[PDB]
Each structure stands twice: as C-alpha cells, then as structure tokens.
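There are 2 protein chains.
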Amino acid sequence: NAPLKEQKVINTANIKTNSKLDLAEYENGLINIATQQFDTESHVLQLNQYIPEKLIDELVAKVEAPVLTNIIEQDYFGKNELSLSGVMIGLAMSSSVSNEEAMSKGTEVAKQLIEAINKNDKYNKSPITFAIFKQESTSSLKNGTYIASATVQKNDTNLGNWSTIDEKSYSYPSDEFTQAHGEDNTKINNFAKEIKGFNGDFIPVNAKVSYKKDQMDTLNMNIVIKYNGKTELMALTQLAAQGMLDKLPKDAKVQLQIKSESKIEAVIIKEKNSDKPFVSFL
Amino acid sequence: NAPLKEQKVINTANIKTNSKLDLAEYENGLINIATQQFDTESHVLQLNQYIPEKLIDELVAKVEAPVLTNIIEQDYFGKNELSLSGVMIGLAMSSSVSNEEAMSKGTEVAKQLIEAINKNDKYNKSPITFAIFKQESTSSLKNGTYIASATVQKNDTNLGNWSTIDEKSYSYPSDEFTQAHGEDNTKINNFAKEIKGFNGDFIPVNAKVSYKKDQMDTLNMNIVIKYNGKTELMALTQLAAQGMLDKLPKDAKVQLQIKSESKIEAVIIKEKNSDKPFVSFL
Numbered sequence: 001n002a003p004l005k006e007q008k009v010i011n012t013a014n015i016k017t018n019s020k021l022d023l024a025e026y027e028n029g030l031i032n033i034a035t036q037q038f039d040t041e042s043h044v045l046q047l048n049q050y051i052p053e054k055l056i057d058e059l060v061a062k063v064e065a066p067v068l069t070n071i072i073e074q075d076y077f078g079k080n081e082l083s084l085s086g087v088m089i090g091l092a093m094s095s096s097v098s099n100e101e102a103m104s105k106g107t108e109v110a111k112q113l114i115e116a117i118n119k120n121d122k123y124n125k126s127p128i129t130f131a132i133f134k135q136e137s138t139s140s141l142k143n144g145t146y147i148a149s150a151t152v153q154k155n156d157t158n159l160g161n162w163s164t165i166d167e168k169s170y171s172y173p174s175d176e177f178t179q180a181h182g183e184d185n186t187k188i189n190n191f192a193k194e195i196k197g198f199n200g201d202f203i204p205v206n207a208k209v210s211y212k213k214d215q216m217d218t219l220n221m222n223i224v225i226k227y228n229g230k231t232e233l234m235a236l237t238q239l240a241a242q243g244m245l246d247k248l249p250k251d252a253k254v255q256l257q258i259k260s261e262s263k264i265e266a267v268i269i270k271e272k273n274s275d276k277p278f279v280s281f282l
Numbered sequence: 001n002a003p004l005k006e007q008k009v010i011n012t013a014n015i016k017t018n019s020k021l022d023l024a025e026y027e028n029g030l031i032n033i034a035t036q037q038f039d040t041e042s043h044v045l046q047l048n049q050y051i052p053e054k055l056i057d058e059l060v061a062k063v064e065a066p067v068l069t070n071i072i073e074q075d076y077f078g079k080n081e082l083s084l085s086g087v088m089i090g091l092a093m094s095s096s097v098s099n100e101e102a103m104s105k106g107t108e109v110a111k112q113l114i115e116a117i118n119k120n121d122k123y124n125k126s127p128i129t130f131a132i133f134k135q136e137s138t139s140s141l142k143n144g145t146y147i148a149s150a151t152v153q154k155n156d157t158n159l160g161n162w163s164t165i166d167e168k169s170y171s172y173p174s175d176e177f178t179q180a181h182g183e184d185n186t187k188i189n190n191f192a193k194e195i196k197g198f199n200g201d202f203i204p205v206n207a208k209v210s211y212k213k214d215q216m217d218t219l220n221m222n223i224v225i226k227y228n229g230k231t232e233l234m235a236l237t238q239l240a241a242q243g244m245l246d247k248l249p250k251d252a253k254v255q256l257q258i259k260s261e262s263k264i265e266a267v268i269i270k271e272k273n274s275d276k277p278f279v280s281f282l
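Chains as they are written, first to last, in this note's numbering: chain V, 1 to 282; chain A, 1 to 282.
Misleading hints may appear alongside valid ones.
All copies of an identical chain are treated as equivalent in the list; a pair is satisfied when it fits inside any one copy or across any two copies.
[Stated by the list, open to error] List time: in silico EDC-like cross-link candidates among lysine to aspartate or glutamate, alpha-carbon distance up to 16 angstroms:
hint: 1; residue 1: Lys-125; residue 2: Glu-108
hint: 2; residue 1: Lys-5; residue 2: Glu-136
hint: 3; residue 1: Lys-8; residue 2: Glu-136
hint: 4; residue 1: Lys-208; residue 2: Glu-261
hint: 5; residue 1: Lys-226; residue 2: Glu-100
hint: 6; residue 1: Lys-54; residue 2: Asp-214
hint: 7; residue 1: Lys-213; residue 2: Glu-108
hint: 8; residue 1: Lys-79; residue 2: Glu-232
These are calculated hints, taken from the structure and not from any lab test.
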C-alpha cells in the first residue's frame with residue numbers, strides 16, 4: 001500500500017460550464033507563480049495539506065450553478081529546519097464568466113479559505129497566495145491561463161490587491177523584442193523563412209511572444225494570405241507545422257492562425273510540450 | 001470566429017469509474033505510437049475526422065456501467081499530394097478493469113469503429129491503429145499508459161493481434177543498461193551521489209528505466225533505508241527532489257519510492273514535464 005494522491009480534481013463544475021480542465025497549465029502555472037514570490041530553489045512541495053476535502057466539495061461540487069470549478073493547494077516547506085514557507089492556491093474559474101466575475105468570485109472564495117486554513121492548528125500562519133486560473137471552454141483551441149494573484153501576509157488575514165501575473169510580452173517584429181531576445185528573434189526569422197517555400201515569395205509573420213522567468217512561454221503567430229483552395233492551404237499547414245518543430249522551442253506553446261479575406265481559415269497548434277502540432281480548419 | 005476544437009473529451013465515464021483523464025499522456029502517447037508505425041516526419045495531423053460525435057457519445061456517455069471512458073482520433077495526412085496515410089485511435093480504459101478486460105472491451109469497441117469509419121465516404125481505406133490507454137485511478141500517483149496496439153491493414157476490416165507498445169526497458173544498475181545508455185547511467189549515478197549527503201554513507205538506488213524512441217521516458221526508483229522519524233525523512237525528500245531537477249532529464253517521468261520496514265514511507269514525483277516535484281507521505 002503506497003501513499004495516495006492527496007490532490008484530486010472535480011469534473012462536475014467543468015461539465016456544467018463546458019470548461020477544459022487543462023491540468024498541466026493549472027498545476028504548472030501555479031508552480032511558476034511560487035518561484036516569482038520566493039527562491040523556491042530549496043523548498044519541498046506537498047499538496048493539499050490544510051484545506052479540508054469536504055470544504056472543497058462544498059465550494060466546488062455542491063453549487064448548482066458554479067463559477068469556481070476547482071481548488072488546488074500547493075504547500076512549500078523550506079528553512080532552522082524544514083517547515084512551511086507559503087501556501088499557493090489555484091482557483092479555477094469557468095469559461096463563461098468575465099475576468100472581473102472571475103475576480104469577484106475569487107475574493108469571495110479566498111476569504112472562506114483564509115478562514116478555514118487558519119482554524120487548522122498545524123498551519124504556521126505562512127503567507128497565502130491565491131491565483132486565478134481563467135478557463136477556456138471545451139470547443140476553444142486556447143489553453144486556460146493565470147490572470148491574477150493576491151496574497152495574504154504572514155500572520156495576517158486580509159487579502160491583498162489582485163495583481164498581474166509577472167509576464168513580459170512582445171510584438172514581432174519590433175526593435176524592443178530584437179534587443180531583448182535576439183537569439184529567439186532569429187529563431188522566428190528562421191521559422192518565417194521556412195514558409196517562404198510556399199515560391200520564394202516573402203510571407204510577413206506577426207506575433208505576440210510572452211515570457212515567464214525569461215524563457216519563451218507562448219508564441220501566437222498570424223499570417224494573412226490569399227486563398228487558393230484547401231489543397232494549397234494544406235501544403236502550407238504542413239510546411240508551417242514542420243517549421244514549428246524544426247525552429248521553435250518545444251517547451252513553448254505555439255499557435256499560428258492563417259487568415260484571409262477577414263476570416264481565420266486554419267489554426268496550427270503545438271501545445272506546451274507536444275510531440276507534434278495539430279491543424280484545425282474552419 | 002476561429003475554427004473550433006473538433007476533439008472534445010467526455011468526463012462522465014471518468015467520474016463513474018474514478019479514473020484520471022491524464023490528457024497529456026493520452027494524446028502524446030498516441031502520437032508516439034504513430035511515429036513507430038511510419039515516418040510521421042512529413043505528415044499533417046488533424047483530429048477526429050471520421051468518427052461521428054453521436055457515436056462516441058453512444059459508446060462512451062450513454063453506457064450506465066462504462067469501461068471505455070474516451071475515444072480520441074488522430075488522422076495523419078502525407079504523400080503525389082497530401083491525403084490520408086493512417087488513423088490512430090486512443091481508447092481510454094477504466095482504472096477498475098484488468099488489462100485483459102481492457103483488451104476485451106478494446107476488441108468490441110474497435111469492430112464498431114472500423115464499421116463506422118468505412119461508411120464515411122471521405123475515408124480512403126487507410127490503415128487504422130487502435131491503441132489502449134490503461135487509466136490509473138484518481139487516488140493513484142501513477143499516470144495512465146499505453147498497453148497494447150492493434151492495426152487494420154490498408155483496404156481491409158479485420159483487426160490484428162494486440163501488440164506490445166515498442167518500449168525497451170532496463171534495470172539499474174545493470175551491465176546491459178550501462179552499455180546501452182552510458183551517459184544516462186552516469187546521470188543516475190550522479191543523482192545517487194546527491195542523496196549520499198543524507199553523512200556521506202552510500203545509499204543504493206534501484207530503478208526501472210524505460211525508453212521510447214531511444215530517449216528516457218520514465219524512471220522508477222526505489223530506496224530502502226532506516227526510519228528515523230518524519231523530520232529526517234523530510235530533509236531526505238528535499239535532497240532527492242532537488243537532485244531529480246539537477247541531474248535527471250526534465251522530459252522524463254521520474255518517481256522515487258522511499259521504503260523502510262516493509263512500507264512505502266514517501267513518494268517523490270516529477271511528472272513528464274513538471275516545473276517541480278511533489279512529495280506524498282504515507
């Protein structure tokens with residue numbers, strides 16, 4: 001008999017709201033926020049130590065018309081000898097609500113958790129950081145993402161301001177991006193040179209490129225071309241798909257929308273770590 | 001209006017059977033099987049082109065006591081000009097059944113899909129490969145995994161033998177492993193040297209190491225030590241956790257069970273691509 005997974009996810013609220021779990025993003029994004037807040041280097045990570053299961057059930061699974069769809073708890077222990085340093089809580093917010101309604105629900109939910117985490121006598125009054133995971137819906141190609149964090153100070157109970165997720169973003173091409181991340185800019189330039197094959201004619205590529213902890217996180221590219229049927233557009237999606245694998249960091253989320261005549265005609269997606277990109281047509 | 005995700009996952013059968021989705025593994029594992037079967041290099045990947053949604057609903061969501069919990073369809077197009085080369089179908093099998101009951105259900109389900117995929121006139125009679133994703137349950141630390149594949153030949157309908165997933169496995173330490181993967185063996189040796197810090201005394205590490213397409217896939221390690229309380233075991237989990245990050249490939253699943261006195265006392269897990277490992281105690 002081996003110790004059990006102490007962090008379980010509910011699927012009910014996701015069904016009711018047609019929201020993707022996106023577990024990888026929901027877990028990992030929260031780990032990233034932790035490393036922002038302190039030098040996580042040393043700490044040992046444990047899951048779900050202080051919030052009662054019945055309470056999570058209460059707040060997630062027993063609501064007829066839910067907005068909150070999950071709660072995950074990440075507890076970090078560091079040092080005179082290993083004890084608790086901070087708690088991170090990922091609150092999953094449904095695809096149907098706005099970012100503001102997500103924040104509103106966020107405040108409500110967090111007050112209740114602060115209250116409960118403090119009644120647990122094992123808890124050493126460490127800072128608590130709530131982060132909002134804004135979910136995308138089951139028919140959307142985009143992944144859910146973290147949109148705000150708020151923290152409670154050590155030995156306190158009042159929740160801080162909702163704060164932006166540390167993320168620097170860039171436009172491509174831009175002088176700013178080029179000086180900030182030359183070698184990556186060169187990679188995208190190389191990418192663009194691959195699709196040029198679709199008779200040597202240059203094809204302008206536009207992009208938003210965001211970074212978390214200085215490495216490329218997500219790369220959203222757009223191209224606008226003239227529609228010559230599906231056959232042509234297929235050949236182009238293969239040239240582009242391959243070029244994402246050959247030229248772009250595998251640990252980044254890459255998206256390419258192919259537009260024409262005020263329409264998105266195809267989208268290529270290589271998710272955070274995906275062995276191979278997939279194509280969807282309009 | 002952007003094209004939609006055409007591959008949606010059901011959560012109902014997973015609820016009923018207390019089974020983890022493990023979406024990353026379920027998708028990516030199937031991509032890996034594809035690359036085994038052909039030089040996927042060129043091909044363009046599209047999702048869910050031939051199986052009707054209503055049929056998936058029928059086979060997954062309408063069964064009172066399900067064994068099959070999802071069906072995903074991956075369609076590969078390659079070349080005189082881009083058309084279909086092969087279909088890959090991942091069948092999700094519940095945590096409660098045995099591998100044999102999974103295969104049994106597998107055969108049943110596949111016959112029905114072969115029948116349906118052939119009625120779709122757009123389908124060019126390409127080979128179809130069914131693979132079984134054997135799910136772990138919601139309270140298990142292990143990830144679901146692919147356990148068998150069976151293929152239907154081009155222009156045919158009869159299902160082939162269930163076949164092992166191409167995966168070479170090794171024991172550590174062993175002479176075999178050392179000659180097959182020296183540099184990786186050195187990495188594990190380095191890992192072991194890190195936990196030696198827990199006063200310079202050697203600690204034997206045992207492992208199973210599996211590979212898919214020649215790179216380390218999963219690394220299951222065991223150590224058996226003497227129990228000196230939780231405080232000591234914590235310090236050791238931090239030394240080990242850090243050592244997984246410092247010394248072991250991030251694109252591998254790493255697990256370390258710490259045993260003592262015929263008991264698994266703690267388990268450290270760094271999932272396929274995890275920013276940081278987590279610890280569970282008995």
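Verification of the supplied hints:
no.: 1; hint: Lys-125 / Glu-108; result: neither (20 angstroms within a copy, 55 angstroms between copies)
no.: 2; hint: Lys-5 / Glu-136; result: between (26 angstroms within a copy, 11 angstroms between copies)
no.: 3; hint: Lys-8 / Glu-136; result: between (20 angstroms within a copy, 13 angstroms between copies)
no.: 4; hint: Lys-208 / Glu-261; result: neither (21 angstroms within a copy, 55 angstroms between copies)
no.: 5; hint: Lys-226 / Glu-100; result: neither (39 angstroms within a copy, 53 angstroms between copies)
no.: 6; hint: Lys-54 / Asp-214; result: neither (39 angstroms within a copy, 45 angstroms between copies)
no.: 7; hint: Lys-213 / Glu-108; result: neither (30 angstroms within a copy, 49 angstroms between copies)
no.: 8; hint: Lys-79 / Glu-232; result: between (60 angstroms within a copy, 14 angstroms between copies)
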